[PDB]
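Visitor: Spelled out, the chains give:
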Amino acid sequence: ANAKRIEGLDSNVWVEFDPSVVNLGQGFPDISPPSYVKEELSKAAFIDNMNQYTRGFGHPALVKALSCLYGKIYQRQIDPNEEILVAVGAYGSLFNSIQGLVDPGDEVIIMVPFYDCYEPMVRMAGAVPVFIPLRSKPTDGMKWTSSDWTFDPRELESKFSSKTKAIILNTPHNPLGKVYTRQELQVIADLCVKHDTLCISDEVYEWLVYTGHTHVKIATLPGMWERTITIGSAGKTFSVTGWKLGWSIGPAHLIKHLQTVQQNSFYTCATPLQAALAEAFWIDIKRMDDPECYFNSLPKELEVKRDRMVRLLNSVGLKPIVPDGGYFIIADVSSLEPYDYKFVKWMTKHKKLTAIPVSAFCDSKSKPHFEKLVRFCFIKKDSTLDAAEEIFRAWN
Amino acid sequence: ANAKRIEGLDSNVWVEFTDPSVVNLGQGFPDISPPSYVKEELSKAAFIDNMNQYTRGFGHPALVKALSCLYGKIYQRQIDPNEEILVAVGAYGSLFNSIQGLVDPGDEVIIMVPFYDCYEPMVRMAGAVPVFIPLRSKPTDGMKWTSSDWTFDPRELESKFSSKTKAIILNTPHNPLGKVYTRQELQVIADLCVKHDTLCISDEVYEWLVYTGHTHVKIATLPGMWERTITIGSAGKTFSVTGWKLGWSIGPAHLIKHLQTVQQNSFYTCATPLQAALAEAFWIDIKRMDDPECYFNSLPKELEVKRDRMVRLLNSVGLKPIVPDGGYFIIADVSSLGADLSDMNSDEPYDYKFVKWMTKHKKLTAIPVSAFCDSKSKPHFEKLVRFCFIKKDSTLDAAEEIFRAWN
Ligand SMILES: Cc1ncc(COP(=O)(O)O)c(CN)c1O
Ligand SMILES: Cc1ncc(COP(=O)(O)O)c(CN)c1O
Ligand SMILES: [Ca+2]
Ligand SMILES: [Ca+2]
Ligand SMILES: [Ca+2]
Ligand SMILES: [Ca+2]
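So the protein lines, in turn, are chains B and A. Counting with the deposited numbering, you get residues 41 to 57, 63 to 381, 392 to 451 for the letters of the first sequence. Counting with the deposited numbering, you get residues 41 to 58, 63 to 451 for the letters of the second sequence.
Hints are supplied without guarantee of correctness; some may be wrong.
Cross-link-like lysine-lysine pairs, in silico, DSS-like; alpha carbons within 30 Å at most [what the hints assert, rightly or not]:
#1 A:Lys239 to B:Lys44
#2 B:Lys44 to A:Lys331
#3 B:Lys44 to A:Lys204
#4 A:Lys204 to A:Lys182
#5 A:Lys117 to B:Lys204
#6 A:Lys239 to A:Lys204
#7 A:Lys88 to A:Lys436
#8 B:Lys422 to B:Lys404
#9 A:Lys420 to B:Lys301
#10 B:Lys44 to A:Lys208
#11 B:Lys345 to B:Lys301
#12 B:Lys88 to A:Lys331
#13 B:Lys301 to A:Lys400
The set of hints was computed from the structure by calculation and includes no laboratory data.
With these hints in hand, go ahead and build the complete structure from the sequences.
Guide: Here is the structure:
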């Protein structure tokens, strides 16, 4: 018998989803992590102290590294102890944020399609998710891209009331690949300031922005530092999704409440992973300048792979939406229980290729508007994408 | 402002407890080496690319398979790795899953005092009402003071159960007392849980650390209890790697699913390389469970020696130790020292003053037992200080130097 708070929250999209099938579904990198990330974990393993309890809110060496890296991005001095919290992934950071800040009866605005945990997390806190969809614009004629999706500022305004506690922002966006523009962020900022709401900004894909786009942090916009929690992830930054380390960065008067959730929930994150992650950070922080920096080299490597996926999807009559950022690409499926779920089962069984139906990232009323869209992951090794080529070449 | 569910829960004893020349017998920080193979296995896992990516949400398959094998032997029943186990971020996370998945606002949860400090705020964050009952000492055998001289009154316990009781939290072996609950004590608890149809959440992280004359009994193995108990263990304790932060909840499928629902909506998955390495460590020791060199046997054997040394050290200065049946903490009554605390003028309990004094004057820290007590219980336990002995010989040598030079 569940507690009331988790009523109806037991179904989970990922819980629902053959070894000759090429999996382009889940965000499971099969490229290697950088060699030094692995080496540093090995080194921490052999130090006895690095196997025992560390500082609860974050390993001192790690919060110092994050302080120094993010202080450069933000152009401010970030207090490593008071303005940072290390949690169990971005998931954990998100949970800390909602649990510590959002009351039963609060409204939380979510942009659709949304990364799927946003909705049940808001609901577990007894809050009301208030949905607004991203919508299409006329294309430049040439190609379909993430930047051809935006939101209507007037519709957004109408979502804000005196019940609104916060808006959840995700840039670069999953599943669309949208890198939100400065002007878009400014509309969100104006409304958070005018209504005095929080912004929770999920920026795990922050390094993964392609040619002609720039990651901009809403927390750097005038008046936003004081009302924003910005979230990062080791799993994305260093392609080690299995390390489950993320962080929240923001003002002390907000971070302390995340800290209260953490000390009362899981308390401490793993010492060896955090020690190794601190060293991985120092290596790359010292060479941000250079194309060898993993912050530089990975987006560069992935852009090639993105462009590859777009050719392959085109090659078979699937209309790709070229992503500004991240490592997912959506394809419209229409020119070949919701449509995209049926299509994905059909493509698995008959083409030996798997993907994720976009309707999984949509509230019930929005699903008809997105149900002909399917998402593919390209943070894959050359050999994996060749196996995918084979499947596409052989499709007809 | 904070969310309402966390009002007044921002204070934390461990945060409150913050110098290189101080000998630290306070926090449960092991400075013995963990087993060599535990460290080896994490290194091995680090170099496998796959073991650095997402694994199964509710627990890495090899880990839960190892857990089901080991606990199947202990429970003498088949344990389902997927449906009857949930791997969480430490025993903390397991406790959190349990209370968050199973306990409603207005529910009562019975807690035994002193209690591992997190029990109280976890119950309050869920909007539930902690109902406290103290452990009470009884006359000693004359020669020694032990954990076994502490117990609860069964009639007092009974009176805490009402139609509003959702659960009782059991911690055995007990922190901070070191008490190993007897079959008869567990039987009293089981009787009431069955009579009122309540849950039992049983924190058994120290399950392997039981000393001569005592045996770890799992309440969930008693008649009627399997269907109503969540039993919690921890890698930090099992393998002396407190920094790995992996624990597990074991119980019936209809209860574990609720815990699994909290986890999927909170942090989701635990780290892959730690879980992979831990599985291997378990196999290495599962396969030699009958042998002295099994870590499950050698660690309590090694700790029993250290415990006895600590008892002697505390005695030499006039501290009155409570010899623990289990775990790696020891409590001493400090009141026969009548210490020079005259002018530390706060409204803090005696034991916190004593510890501050001991740290400054004697260069030795410990933990005040009142940190493990609710407001009304503090005066009944405030002359008691907790010392940790999961320590290497050289650390206890340093401690011994201080005790010898004490007067
Ligand atoms: C937008 C978004 N946020 C959060 C997460 C979870 O991050 P973590 O693995 O660090 O918990 C993911 C998973 N790839 C994601 O796509
Ligand atoms: C009784 C008890 N329960 C739970 C914990 C926390 O366990 P973990 O470190 O596995 O989260 C501790 C701390 N050692 C403890 O003493
Ligand atoms: Ca307002
Ligand atoms: Ca308050
Ligand atoms: Ca079975
Ligand atoms: Ca009842």
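Visitor: Against each hint, give a clear statement of whether it holds in the structure.
Guide: Hints, verified against the model:
Straight-line distance between C-alpha atoms of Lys239 of chain A and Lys44 of chain B comes to about 24 Å, which keeps the hinted pair within the 30 Å bound. Between the alpha carbons of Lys44 of chain B and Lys331 of chain A the distance comes to roughly 43 Å, so the proposed pair goes past 30 Å and is violated. Note on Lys44 of chain B and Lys204 of chain A: the hinted pairing holds, with a Cα-Cα distance of about 24 Å set against a maximum of 30 Å. Of the supplied pair hints, the one linking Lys204 of chain A and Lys182 of chain A holds, its CA atoms being roughly 21 Å apart against a limit of 30 Å.
With a C-alpha separation of about 57 Å, the suggested pairing of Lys117 of chain A with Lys204 of chain B is violated against the 30 Å cut-off. Restraint check for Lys239 of chain A and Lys204 of chain A: satisfied, since their Cα atoms lie roughly 13 Å apart, inside the 30 Å limit. The hinted pair formed by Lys88 of chain A and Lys436 of chain A meets the criterion: a straight-line CA distance of about 26 Å does not exceed 30 Å. Restraint check for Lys422 of chain B and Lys404 of chain B: the C-alpha separation of about 24 Å stays at or below 30 Å, so the hint holds.
The suggested pairing of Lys420 of chain A with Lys301 of chain B holds, with an alpha-carbon distance near 28 Å, which does not exceed 30 Å. Distance hint between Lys44 of chain B and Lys208 of chain A is fulfilled; the C-alpha atoms sit about 16 Å from each other, no more than 30 Å. Of the supplied pair hints, the one linking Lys345 of chain B and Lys301 of chain B is violated, its CA atoms being roughly 37 Å apart against a limit of 30 Å. Our distance criterion of 30 Å between C-alpha atoms is met by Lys88 of chain B and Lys331 of chain A, whose separation comes to about 28 Å.
Taking the CA atoms of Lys301 of chain B and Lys400 of chain A, the gap is about 26 Å. The hint holds against a cut of 30 Å.
In this structure, the hints that do not hold are numbers 2, 5 and 11, in rising order.
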